[PDB]
Each structure stands twice: as structure tokens, then as C-alpha cells.
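Trainee: Hey, can you work out the whole structure from these sequences and the hints?
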Amino acid sequence: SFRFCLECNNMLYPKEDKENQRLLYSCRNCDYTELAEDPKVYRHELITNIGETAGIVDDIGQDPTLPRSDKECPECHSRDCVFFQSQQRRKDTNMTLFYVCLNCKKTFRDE
Amino acid sequence: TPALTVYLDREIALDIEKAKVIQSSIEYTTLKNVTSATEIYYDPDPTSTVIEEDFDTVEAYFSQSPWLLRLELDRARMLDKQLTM
Amino acid sequence: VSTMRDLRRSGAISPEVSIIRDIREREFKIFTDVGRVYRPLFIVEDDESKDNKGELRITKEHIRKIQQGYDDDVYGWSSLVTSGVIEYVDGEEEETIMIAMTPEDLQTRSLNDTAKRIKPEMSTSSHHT
Amino acid sequence: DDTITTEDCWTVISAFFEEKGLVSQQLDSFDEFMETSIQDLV
Amino acid sequence: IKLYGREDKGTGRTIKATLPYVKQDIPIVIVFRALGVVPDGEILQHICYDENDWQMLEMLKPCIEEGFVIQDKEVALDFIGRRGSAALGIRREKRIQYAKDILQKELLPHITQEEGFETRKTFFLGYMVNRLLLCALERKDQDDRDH
Amino acid sequence: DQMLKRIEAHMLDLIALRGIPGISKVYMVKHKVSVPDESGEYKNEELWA
Amino acid sequence: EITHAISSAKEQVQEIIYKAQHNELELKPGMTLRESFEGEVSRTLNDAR
Amino acid sequence: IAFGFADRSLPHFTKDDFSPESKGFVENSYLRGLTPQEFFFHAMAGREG
Amino acid sequence: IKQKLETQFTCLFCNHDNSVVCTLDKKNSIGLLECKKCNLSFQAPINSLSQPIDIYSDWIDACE
Ligand SMILES: [Zn+2]
Ligand SMILES: [Zn+2]
Ligand SMILES: [Zn+2]
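Chains as they are written, first to last, in PDB author numbering: chain A, 3 to 113; chain B, 1115 to 1177, 1190 to 1211; chain C, 590 to 662, 675 to 711, 719 to 737; chain D, 9 to 50; chain E, 247 to 393; chain F, 1260 to 1308; chain G, 679 to 727; chain H, 776 to 824; chain I, 15 to 78.
Note that these hints are calculated values from the structure, not bench results.
Backbone N, C-alpha and C define an ideal beta-carbon position, used for all residues, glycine too.
Watch out, some of these pointers could steer you wrong.
Straight line, CA to CA, 27 Å or less: simulated BS3-like cross-link-like pairs of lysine-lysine [stated by the list, open to error]:
#1 A:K73 <-> H:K798
#2 B:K1132 <-> F:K1302
#3 F:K1284 <-> A:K93
#4 F:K1264 <-> A:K20
#5 A:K93 <-> B:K1146
#6 H:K798 <-> E:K386
#7 H:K798 <-> A:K17
#8 G:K697 <-> H:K798
#9 A:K107 <-> G:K706
#10 G:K706 <-> F:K1284
#11 G:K697 <-> A:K107
#12 E:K255 <-> I:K50
#13 G:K706 <-> H:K798
#14 E:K269 <-> I:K40
#15 C:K618 <-> E:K386
#16 G:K706 <-> C:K727
#17 H:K798 <-> C:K727
#18 E:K386 <-> A:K107
#19 I:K18 <-> E:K269
#20 E:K269 <-> I:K16
#21 F:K1264 <-> A:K42
#22 B:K1146 <-> E:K307
#23 A:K17 <-> F:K1264
#24 A:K108 <-> E:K386
#25 F:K1289 <-> B:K1134
#26 A:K17 <-> I:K41
#27 F:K1302 <-> B:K1207
#28 E:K386 <-> A:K93
#29 B:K1132 <-> F:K1284
#30 I:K50 <-> E:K262
#31 C:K618 <-> E:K351
#32 G:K706 <-> F:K1289
#33 B:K1207 <-> A:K93
#34 B:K1134 <-> F:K1291
#35 G:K697 <-> A:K108
Derived contacts from chain C toward chain H, CB cut-off under 7 Å, selection only [to be verified]:
#36 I619
#37 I700
#38 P728
#39 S733
Mentor: Next comes the structure, spelled out in C-alpha cells:
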């Protein structure tokens, strides 16, 4: 979620403030610097589970090709809705089909 | 298709548990496997931390540049490979 | 997309123009090039505001007419396409359409012969549209 | 509107072939080329 | 568009584009700037339509890191024209217009060739890079070349 | 700041905890082999491997 | 006989899928969820044939 | 049989069907005669051979 | 490591081709050029994206 300045539009580089022992966020094409609300700088992981639910759309239901199921909807309690599995192309993707309703479209698992 | 056929010791060849131990020994699991997350928190104070995930733990353990390299691990991997943190 | 498809079926768009709609991408493409490949298909009424839903748009009237060769107020396959019962489709457009193998499947069936083919189970979608 | 039999489909297909035929695509492409393409190239 | 770099090899995952009538690749940010979107905010918003997808932000970040020597249309264009596969010594007099030609034309010609329509070209570049990264994120399948 | 990330990368990779280098995975294959017996006959004998 | 055998095999595959959906199917060593799932179903169908 | 289409083998079935017929199980024997989809799958196999 | 490039660039001043060497000094972000006939040299800061073509073009612009 990297951001820029509101008058220079260049990205903010976190440069340490040696004197005050505070983290700042200073650009380079301008002298506009602000406070650092959170000491986080860079965050990287190897066990990633992001993107499973990022494939949610509202036009899913109308599509006829989407299968039709008999599971119960905790929100609408309807008996005509579809379901789908995660859109992760990683080789470690599972078969936990993300059941979806036609009113709330909540992703919940029947495990 | 690189593949090895490793014969175990006569005792271990009939011993399932020692076979498991030997395999675990040979298996080349590196720290990359065990790691779960890596986050760089800027901790200005070397004496303590401003993060609640380990503030209590690091403080209880206690009793330079301030950049801190903080990484997370997956309990399942360490316990399955039997090596502790 | 609904109105554009209507315009095409009415003949107000050249049938070979393909109206492809992508949902998971939230995209909506249309193509008019030269060199695409297409084949015709019957138009199964699918809008749940009439009895004809789940039923073929074409009717015995049209077959009788085509046999005649002249419509009653040359009536050929082109008249069929333009009248709203058959529309061409390509591979890309096929990407997002559910088809019945035969007109019979359009109605759910109820036997057990020992010397004939057996239809696929097709039980993964308890409701079909 | 009773059910559409197989012979109905065969009727439709016969009408289709009669309108277009076998090599319709070859002839349509070549005629379109002669009518429009050459001129636009020039 | 080639996504350079390997896994912890090649350092940052820089994206270098290939253009017609050139002998060397170009960073994406440079072509963004040379076509009208010089600032970084416009560039990132055009490329990215999922702000929460921090992975895109950090993976295109190296381009941002190297895309700071260039800050205006003009040095960007000359950079493009400085590798225009043309003669040697077209100087900043005519080389800039050579770059502007090779950018207005010869690039995405199916979209347009007139001036004042770089918005279309930039939006198309953004879509292309977004799709490329998504494939690089394995959130969707690469199209089947036999399809 | 960049040096910290570089250390993070070199750490994630160039540290080896256990096992011979170059062994992605190992399999607890079971084996059967003809083995001579006391009487002189040859008898099967399941052995791990 | 053969029709009912086919029905039984299809039912077995049905239940195998039902389990694999629910992260309750055992993972074969050396293979992932999908690969082991496919291998199991293929073995089932070949055996039924 | 791969899902050459979007999340299915042939457009006639709905998305994400894993049942045998849905991924290339020819249920009937030659004497009974194949159904269309199964005939196509058989064609794929023969071409591959 | 400094590279001495005998590039095919021509010199504006000495009327000789291949008498120009566009040396590279990235250590201190400096440009150097050596000529072979009139021995003239051009100096200019260079960044990671600069190349002998860029140095040559900047030299031409400076000369004019
Ligand atoms: Zn700035
Ligand atoms: Zn619901
Ligand atoms: Zn000279």
C-alpha cells in the first residue's frame, strides 16, 4: 500500500531520523516529510494465503454455466445459488469450494 | 530423474522409528521452509519494542542501529521436522 | 449485453459479430474481425418471465414455413436467423454458454435397456437453466 | 408447439445447406475481396 | 513486456519493455513518463486497480526505484531516442521528435496514431502490465496458445 | 534500510539446518528381498529403505 | 451386473470427491492434494473397468 | 481430460464437474455406441496415440 | 573495472572516425571520453541507465 505526496506525487522513502529516534517518510523530489504511524517498513512472507477470496464478483450468479447446489445460505436461506473453488493457480491450492449466495455472496466452506 | 536408493542398517532396516529418525536427519530442510513471515519493524529503542506481538515476551526475556529484522515461523513445520525454534 | 444480443438477433447487428461477456474479469468484449470461426445454435428461451423458458424459441410454424419456402405474412435459413431462433457463435463466445446436447435434455427425463447407450449422469448441478 | 423431432432438425439443416452449401466460405471471401478489398488497397 | 529477474536472483524484479525499431529494452516507468504520465501517482493508479494487492505494489516498486533518474517527458524521450536504432548523432534537436514519432506511431497502432490520444495508449499499457503481473501472481491461468 | 532487506534475503536462503545438501525429499520406501534361511532355503524379508 | 458395478465405481468416485472437497482426504506422500486425488480416482475407474 | 474451456471440459456441462464422464470416462461399450462427448474424448485419445 | 571502448563514434573536431573512446567510470558517476587524433576528452556524470550512446549524444550537444 505504498503512497506518494499530495503535491509532488512521488513515492515516500522511509529515512531514519537519527536525532529524534523517530521514523519519517520523506520523498526526494520535494522536502515534504510526515510522521511514521507504524514502525513497519517492509513485510515479506513465504506462507501466503492471500488471493483466495480476492476473486469475488457480483455478476457471478446470473451466469448459467456456474453450477447449482443444494447447500443452505446462512443469510438468504435460499435453495438456488452457485459455488466455486479458489482461483489460486499455485500448486498448493486446495479443493475447498467457496460456496457463494445470491444475496450476500458470503464465501464459506462446507468442511 | 535424480534418485538415490539408500540402504539402511540391518537393525534400522527392520526398525521403522530409527528409519524415520535417519530420514529426518538426511532430509535437507532449510530455514526457508520453516519461516512463515518476515517483517521489518523500525524499533528506535534497543531496550524494548513498540509491538505487542512479542512486547511481553521480549521484555520478560530482557530481565546500535535501531533497525529490527523480525521474522515469523510456522509451528507445524518445526514440530513435523522435530527441530525446535 | 442483453440489449446488444437482442439487437443482433433482431438482425440489427451482423450475426457474425460476437458478443462475449466475461464475468470473473468484469470485462465485456466484442469482435468483428475477418477469419473467426463460428457455428449456429438454436436459441433456447431462458428468461424466467414466461412459459417458454427452458423451451426452444423455434416452433413447428417455422418448420412448416421452411418446407413451404415462402412465409405467410423466400423464407429460408436466413429468415430463421434473423427472426430470433438461431444465432452464430464462435469458440470465444462459446466460452460462457451452457448448451443442451439435444432438445430432449431441455426437458428433464423420468427403461434400463441392456443394449443401448446411456446418457451422462449430469448430476453436479441440481438446477439447470 | 409440440416437441421438435429429429426430422425437424434434418429439415432445418437441409434448408441451411440449400441456402449456403458446401464451399460457401471460399466464395464469400473471394467475392468480398473482389468487391471491396482491391479498391481499398489502391 | 518481459518480467525480468529470478527468485532472489537478479536482485529486484525489474520490468523492461521491448519496443519496435530499437536495439535495447526500456523500463516500464520510463515509457509511462515519456507518454504523458510522468508522476508516480498516476503511473501506479493506472497500472494497479487493486490497491490492497500489496504484492503488485512491491513487485513494481523496483521499477519505481530505478525510475527516478527520469522525471520529465523530455529526458525520457531522449532516452528512448538515444536507443532508436537510427544513425548516430541525431542530437537532442531531432532525436526527441524521432522518439515522439516512434511512440505515437509504430506502437499499439491498432488503437490510434494521432496526437492527443495518449490516454488510450497509457490505459492499454496499464491493462497489459496488470494482466502480466496477475499471471506473475498465479491468480489466473496463462492463456492456452492452442486455444 | 536496503541492507536490512538484503540480509533478510540472504538469510531466507543461505542457511542450512539439517540434512545433506541437494536432497529435496526422501521416501520411506519398503523393500522385499530374498534372504537365505537357517535350513538353507531362501525366505522373503521385508526391510525398510 | 456390469451396470451396477459401474454405478458402484461412480459412487466411490463421488464420495472421494466429496471428501477431497472437505480437506478430509489423506495426502499421499510425495504427491499433492490434486495429484493424489487424480491418481486415486484413476485407479478406481481402471479397477472398475 | 483437461478443462480446455472455462472450468469444464465441454461447454454442455456446468463449471467445475469432476465426475468420471465430466473428465473422460466413456461409460458404455462400443456395442452400445458412445455418446457425443465420450466420442469426442475418444477422438482426443486416438489422436494422441 | 574501467572499460576502454574504442567505439565507432567519429570526432566532431579532428575529422577522423573511430578516433573516439567513450570510457566508462560508474564508480563515481563520471563520464570520460578519449580521442585519438586531437586527444580531446569529454566529462559528464553518468547513471546506471546511461550508455556510451548517451555520453556521445551529450558530448555532441555540449559541443553545440
Ligand atoms: Zn516529492
Ligand atoms: Zn445465499
Ligand atoms: Zn578528435
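Trainee: All hints, please: hold or fail.
Mentor: We went through each hint and held it up to the structure:
1. Only pairs whose Cα atoms come within 27 Å are accepted, and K73 of chain A paired with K798 of chain H is accepted, the gap being roughly 24 Å.
2. With a C-alpha separation of about 24 Å, the suggested pairing of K1132 of chain B with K1302 of chain F holds against the 27 Å cut-off.
3. Restraint check for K1284 of chain F and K93 of chain A: the C-alpha separation of about 17 Å stays at or below 27 Å, so the hint holds.
4. Taking the CA atoms of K1264 of chain F and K20 of chain A, the gap is near 19 Å; set against the 27 Å cutoff, the hint holds.
5. Between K93 of chain A and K1146 of chain B the CA atoms are separated by roughly 18 Å; this keeps the pair inside 27 Å, and the hint holds.
6. Taking the CA atoms of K798 of chain H and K386 of chain E, the gap is near 21 Å; set against the 27 Å cutoff, the hint holds.
7. For the hint pairing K798 of chain H with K17 of chain A, the CA-to-CA distance comes to about 57 Å; that exceeds 27 Å, so the pair is violated.
8. Simply put, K697 of chain G and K798 of chain H have alpha-carbon atoms about 18 Å apart, close enough for the 27 Å limit, and the pair holds.
9. Straight-line distance between C-alpha atoms of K107 of chain A and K706 of chain G comes to about 34 Å, which puts the hinted pair past the 27 Å bound.
10. Taking the CA atoms of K706 of chain G and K1284 of chain F, the gap is about 14 Å. The hint holds against a cut of 27 Å.
11. Using a Cα cut-off of 27 Å, the hinted pair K697 of chain G and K107 of chain A holds, with the two alpha carbons roughly 24 Å apart.
12. With a C-alpha separation of about 41 Å, the suggested pair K255 of chain E and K50 of chain I falls outside the 27 Å cut-off, and the hint is violated.
13. Our distance criterion of 27 Å between C-alpha atoms is met by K706 of chain G and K798 of chain H, whose separation comes to about 22 Å.
14. With a C-alpha separation of about 22 Å, the suggested pair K269 of chain E and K40 of chain I falls inside the 27 Å cut-off, and the hint holds.
15. For the proposed pair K618 of chain C and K386 of chain E, the alpha carbon gap of about 18 Å is at most 27 Å, so the pair holds.
16. For the suggested pair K706 of chain G and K727 of chain C, the alpha carbons sit about 34 Å apart, so the restraint of at most 27 Å is broken.
17. Pair hint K798 of chain H plus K727 of chain C holds up; C-alpha atoms about 15 Å apart against a cutoff of 27 Å.
18. Distance hint between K386 of chain E and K107 of chain A is fulfilled; the C-alpha atoms sit about 21 Å from each other, no more than 27 Å.
19. For the given pair, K18 of chain I sits about 22 Å from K269 of chain E by alpha-carbon distance, which is consistent with the 27 Å threshold.
20. Between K269 of chain E and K16 of chain I the alpha-carbon distance is near 24 Å, which keeps this suggested pair within the 27 Å criterion.
21. The straight-line distance between the Cα atoms of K1264 of chain F and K42 of chain A is roughly 13 Å, inside the 27 Å bound, and the hint therefore holds.
22. A threshold of 27 Å between alpha carbons decides the hint, and for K1146 of chain B with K307 of chain E the separation of about 23 Å falls inside it, so the pair holds.
23. Proposed proximity of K17 of chain A and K1264 of chain F is supported: the alpha carbons are some 14 Å apart, at most 27 Å.
24. About 21 Å separates the Cα atoms of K108 of chain A and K386 of chain E, which keeps this hinted pair within 27 Å; it holds.
25. Annotation: proposed proximity of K1289 of chain F to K1134 of chain B holds, straight-line Cα distance about 12 Å (limit 27 Å).
26. Of the pairs offered as hints, the one joining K17 of chain A and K41 of chain I holds, with about 24 Å between alpha carbons and a cut-off of 27 Å not exceeded.
27. Between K1302 of chain F and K1207 of chain B the CA atoms are separated by roughly 36 Å; this puts the pair beyond 27 Å, and the hint is violated.
28. The straight-line distance between the Cα atoms of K386 of chain E and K93 of chain A is roughly 12 Å, inside the 27 Å bound, and the hint therefore holds.
29. About 17 Å separates the Cα atoms of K1132 of chain B and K1284 of chain F, which keeps this hinted pair within 27 Å; it holds.
30. The hinted pair formed by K50 of chain I and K262 of chain E fails the criterion: a straight-line CA distance of about 36 Å is larger than 27 Å.
31. Of the pairs offered as hints, the one joining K618 of chain C and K351 of chain E holds, with about 25 Å between alpha carbons and a cut-off of 27 Å not exceeded.
32. As the CA atoms of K706 of chain G and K1289 of chain F are separated by approximately 15 Å, the hinted pair is consistent with the 27 Å bound.
33. This hinted pair checks out: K1207 of chain B and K93 of chain A have alpha carbons roughly 22 Å apart, not beyond 27 Å.
34. Taking the CA atoms of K1134 of chain B and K1291 of chain F, the gap is near 18 Å; set against the 27 Å cutoff, the hint holds.
35. For the given pair, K697 of chain G sits about 22 Å from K108 of chain A by alpha-carbon distance, which is consistent with the 27 Å threshold.
36. The beta carbon of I619 of chain C is not positioned within 7 Å of any beta carbon in chain H (closest approach about 18 Å), and the interface hint is therefore violated.
37. With 7 Å as the threshold, the beta carbon of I700 of chain C comes within range of chain H, its nearest partner Cβ sitting at about 5 Å, so the hint holds.
38. Taking 7 Å as the C-beta contact cut-off toward chain H, the hint placing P728 of chain C at the interface holds, the least distance being around 4 Å.
39. At its closest, the beta carbon of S733 of chain C sits 4 Å from a beta carbon of chain H; the interface hint therefore holds under the 7 Å criterion.
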